[PDB]
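All protein chains but one are shown at their positions in the complex.
So that you can tell them apart, the chains are marked A and B in the order they are listed, and the count of residues begins at 1 in each.
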Amino acid sequence: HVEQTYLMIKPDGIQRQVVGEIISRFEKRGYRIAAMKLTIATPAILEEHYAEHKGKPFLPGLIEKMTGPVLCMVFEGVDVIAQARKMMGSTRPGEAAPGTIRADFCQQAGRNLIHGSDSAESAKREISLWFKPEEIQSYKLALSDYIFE
Amino acid sequence: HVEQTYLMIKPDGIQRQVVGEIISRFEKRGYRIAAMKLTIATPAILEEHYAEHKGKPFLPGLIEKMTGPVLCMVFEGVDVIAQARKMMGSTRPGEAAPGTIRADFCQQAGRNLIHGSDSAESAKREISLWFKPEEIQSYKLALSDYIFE
Partner (left out) sequence: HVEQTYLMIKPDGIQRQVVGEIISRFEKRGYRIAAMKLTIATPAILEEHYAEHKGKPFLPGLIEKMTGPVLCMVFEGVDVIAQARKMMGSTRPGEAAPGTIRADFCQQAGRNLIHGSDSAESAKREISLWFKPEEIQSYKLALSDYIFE
């Protein structure tokens, strides 16, 4: 069975102009783009996105860093929630494995290029926060017979 | 002291049209192409290739997935049997390390893009199974002084 995860390119990904490179890494595994939207993230939506951090001292600066253009994405694949986390690498780029997005592109946790859901529950919640159901597109990849066992 | 390993691009590698990208990963380390042949794998040769799995319940479906176009290859280099295995990553792509072929391209073990010999004995056996001696080409890389210590 496949699942869907929420992935978001943060303002540093937009501004450093590496959006296509990020997308290509997920396409390369045969993950399917189920939704994609450019928007500008605002404090009110970011407060909900980061609801688990309410009241924490670092949240105001996090919301400031994230106030900017973002690319909202949903990718579908086998185990894609956990696998996308592995591909992004550790929160701290300096601790992330070579070959991961954060290790390959970044230096510090506050500018770490990309967000991905950390669990099935957060993926469901984040997809619903940033996308309406009518924005989620269902189609079958033509190479499915060679991607899935 | 170099050795030779048998590497085979499976039908999913052919059909997803990533043959050149796969070859480039091995060329990048200065490994030498000693043999290369496109063929369509038959159940008869696949039964011998997968002789270790004789009588197992998954073997019939494994042979079915592999009955298709394959690129047979021999690469030469220092420790290339073990090193190519490390480059491919774990059999299951989800367990493979970022930066490996299987982690970068694949989702499931039944469609994991590439085969490589797992030992000196299996390399000798697999090369002999898929290639005649006259198909193995001996030449020296012009960059040898800068590849080998």
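Here is the rule we go by: a contact is a pair of C-beta atoms (placed from the backbone, for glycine too) under 8 Å apart; a residue touches a chain by one contact, two chains touch by 3 or more.
S.K.: Among B:87, B:106, B:113 or B:123, which residue is in contact with the omitted chain in the full complex?
M.R.: Going through B:87, B:106, B:113 or B:123 one by one, B:87 is the residue touching the chain not shown.
S.K.: Any idea which of B:30, B:69, B:94 or B:110 touches the chain not displayed?
M.R.: B:30
S.K.: When the complex is taken as a whole, what residues of subunit B touch the one chain not shown?
M.R.: Interface with the chain not displayed, on the subunit B side: 25, 28-31, 77-79, 82-83, 86-87, 89, 97-100, 143, 146-149.
S.K.: Which parts of subunit A face the unshown chain closely enough to count as touching?
M.R.: 11-12, 15-16, 65, 93-94, 97-100, 103-111
Here is the rule we go by: only the chains that are shown with their structure count from here on.
S.K.: How many angstrom lie between the CA centroids of subunit A and subunit B, rounded to a whole number?
M.R.: For subunit A versus subunit B, the centre distance works out to 33 Å.
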